[PDB]
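Next come the chains, spelled out residue by residue.
4 protein chains.
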Amino acid sequence: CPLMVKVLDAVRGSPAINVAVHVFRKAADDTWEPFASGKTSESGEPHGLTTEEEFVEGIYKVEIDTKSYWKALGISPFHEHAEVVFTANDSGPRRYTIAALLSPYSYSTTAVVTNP
Amino acid sequence: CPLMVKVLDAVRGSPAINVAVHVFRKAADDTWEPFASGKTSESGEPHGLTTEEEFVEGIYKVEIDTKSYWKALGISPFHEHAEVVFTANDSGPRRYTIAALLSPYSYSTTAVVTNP
Amino acid sequence: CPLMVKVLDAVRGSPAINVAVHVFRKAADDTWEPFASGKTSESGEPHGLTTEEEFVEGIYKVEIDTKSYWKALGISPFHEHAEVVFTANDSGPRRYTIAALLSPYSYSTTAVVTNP
Amino acid sequence: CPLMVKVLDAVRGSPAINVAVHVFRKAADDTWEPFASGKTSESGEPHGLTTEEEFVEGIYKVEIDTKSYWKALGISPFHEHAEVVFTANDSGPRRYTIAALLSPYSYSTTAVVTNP
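Protein sequences appear in the order of chains B, A, A' and B'. A prime marks a further copy of an entry chain. Read the first sequence against the deposited numbering and you will find it ends at 125, with the numbers running on by one and no gaps. Read the second sequence against the deposited numbering and you will find it ends at 125, with the numbers running on by one and no gaps. Read the third sequence against the deposited numbering and you will find it ends at 125, with the numbers running on by one and no gaps. Read the fourth sequence against the deposited numbering and you will find it ends at 125, with the numbers running on by one and no gaps.
Hints listed in this document are in silico derivations from the structure and should not be mistaken for laboratory results. Each hint can be trusted.
Stretch-level coverage of chain A by chain B', calculated; a stretch enters the list once three of its residues show a Cβ under 8 Å from a Cβ in chain B': (1) 12 to 21; (2) 107 to 113.
Derived DSSO-like pairs: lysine-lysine, alpha-carbon spacing no greater than 27 Å straight-line: (3) A'/80 - B'/35; (4) B'/48 - B'/15; (5) B/48 - B'/15; (6) A'/76 - B'/70; (7) A/70 - B/15; (8) A'/15 - A'/35; (9) B'/48 - B'/76; (10) A'/70 - A'/35; (11) B'/15 - B/70.
Short, incomplete list of chain B residues facing chain A, as computed with Cβ under 8 Å: (12) 68; (13) 87; (14) 90; (15) 92; (16) 95; (17) 115; (18) 116; (19) 118; (20) 119; (21) 120.
Here a beta-carbon is modelled for each residue, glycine too, at the ideal position from N, C-alpha and C.
Excised from the complex, chain B in its bound form:
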């Protein structure tokens, strides 16, 4: 998978399960355009987001529905969601991993690019 997403829960010390993840790509018209989506597994990952042919250079946005996750646990959240926006593949694609760490009033995100 050229693009992987991994979501973790900082309150219970576990992978975040059943979380919706949506990915968008910027078009030449300058608008956001659906590209890929899924729901996190027991590993905290939505499996098989995209393919190598489809993931070209460009500007991408990863949206994680954090509000629905916390509401289900009976814990009051701050954010509507968590978004990560980045430029891809500027010197070709490799393998991209986007990680997100979640708390009710905070989140952190990191990108790991590794040689395939």
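Following the hints, position chains A, A' and B' against chain B.
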């Protein structure tokens, strides 16, 4: 000041100086309308973004121009910008502080909410 | 105040109030000698930890009692405490601010260093 | 492996390679006692830290030599190292993963406990 923002540089060990901060409010057509903007001082804070009279109920988006910051410094950034999206003042007026910590391939964000 | 500390709660969206902060300095026998201690105020900061006369060159350790904090709140903590170890004043006197963000299973820490 | 460590670099967006990791366990005498150690691979992990028979309930400390890593890249660091101290296995062991994200003047750590 009911909305405050503070930005830090994890590479140089200093406040992130001269960074643009943009604020938008969600409209009834589901578009983002400009609400307020400013630039960080030597302390990493933009002073006087808004007022108590202007800051009503709604869904808000805070956007930090991380890309122009790393470029002026001669460092390659991954993210286009760092975002924060939240519902404000739903159970009455409150004061909000948004903290952001910046690295070339990662960021974190937290919120502190106090009753005025 | 050449050494400052600030602590935040990522679960409640507030400063971490009434948390103990302990400071140690490395001795010539390679043991940690007590140097200073305090408790966080309503702002999440312990005021007046040390002075310019007392804060000489050396290797320092800052320890935050996260375990007693989560327990008073009726939440299960993972970490015993949050630590920060650094060499201070090697190229002359400086001022240091240590920021810490706390969740039950995670923490982050950053340093801001300014010339006095 | 009952205990795994994973180290990431926030400046270059890669796994942190060739980093020394030391693990200690608290003894009844209240002193720190070597338990396991290794060097990070190309994945940012030191492989095969311990075994199931050896990793019993107790208080543990994970030390990551961050200063030697940054010095080798020609980038000036703040911390001497990064330490994580925690109570293990209180209701039996499971599988423990300790993650660490590194910048010159900052680090963050998280623990993920999953059912084996």
